[PDB]
Amino acid sequence: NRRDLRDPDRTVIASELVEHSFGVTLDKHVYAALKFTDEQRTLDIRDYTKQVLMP
Amino acid sequence: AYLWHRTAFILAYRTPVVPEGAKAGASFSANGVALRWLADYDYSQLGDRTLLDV
Numbered sequence: 056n057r058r059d060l061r062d063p064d065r066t067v068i069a070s071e072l073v074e075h076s077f078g079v080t081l082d083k084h085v086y087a088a089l090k091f092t093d094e095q096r097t098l099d100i101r102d103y104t105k106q107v108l109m110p
Numbered sequence: 220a221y222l223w224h225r226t227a228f229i230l231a232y233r234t235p236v237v238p239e240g241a242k243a244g245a246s247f248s249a250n251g252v253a254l255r256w257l258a259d260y261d262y263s264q265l266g267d268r269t270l271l272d273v
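Listed in order, the protein sequences are those of chains 5 and u. For the first sequence, position 30 matches number 85 in the entry's author numbering, and the numbering has no gaps at all. For the second sequence, position 48 matches number 267 in the entry's author numbering, and the numbering has no gaps at all.
Bound conformation, chain u alone:
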C-alpha cells in the first residue's frame, strides 16, 4: 500500500504537434491525456503505418 501527499509525485504530459507534412489524423484521449495519431503509407513496403503517441 502507498500513502502519498498530493505533492509527492509530479506527472507531465505533452501532445506532439502533427507537422504539416503528414496526412491529418485525429487526436485521441486516454485517461484525460491527449494522444497524437498519425498515419503514413509506406510505398516501398506497400503498407500503411500508424503511430499513436505522447
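The following block holds chain 5 by itself, in its conformation from the complex:
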C-alpha cells in the first residue's frame, strides 16, 4: 500500500498472502481391443506383427 508522509492518520493496512491450488486428475482409459477366432489366427492372419499389432 501507500500513505502520504507526515499524515496525522497514522494507520496501516495489512496485506494478505493467499496460496491457490488446482488439481490434476487421471480419469480416462484409452484402449484398443481385438478378438481372433483360432481359425482366423491360423489361416487368415499371415504375420501377427505387420497385420495386427502395428494397426
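A portion of the hints provided could be inaccurate.
What the hints assert, rightly or not - In the DSSO-like style, the derived pairs of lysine-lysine whose C-alpha atoms are separated by at most 27 Å in a straight line are:
1) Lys242 (chain u) / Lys90 (chain 5)
2) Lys105 (chain 5) / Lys90 (chain 5)
3) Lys105 (chain 5) / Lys242 (chain u)
To be verified - In silico negatives: residues of chain 5 with every beta carbon more than 10 Å from chain u:
4) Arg58
5) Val67
6) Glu71
7) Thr80
8) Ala87
9) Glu94
10) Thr97
Quick caveat, the hints were computed from the structure, so don't treat them as lab data. Quick reminder that beta carbons are idealized off the backbone N, C-alpha and C, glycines included.
Given chain 5's structure and the hints, the job is docking chain u onto it.
Same frame as chain 5, now just chain u:
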C-alpha cells in the same frame, strides 16, 4: 475291398497355431500328423480344460 489309385483320394491337414494368449502347450503326433494341445484353467468352474485338435 477297395482298390484305388494314388490320386483317387486327397487328404489335407493343418495344425492350428496356438495364440499368444494361451499358456504354451506341447504339440503331439498321430500317424504322422501334428496336433495342437492347449490347456486353460477355468476359474469360474474351478477346473482345468484341455483341448487337442487339428
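Original post:
What are the numbers of the hints the structure violates, in ascending order?
Top reply: 9, 10
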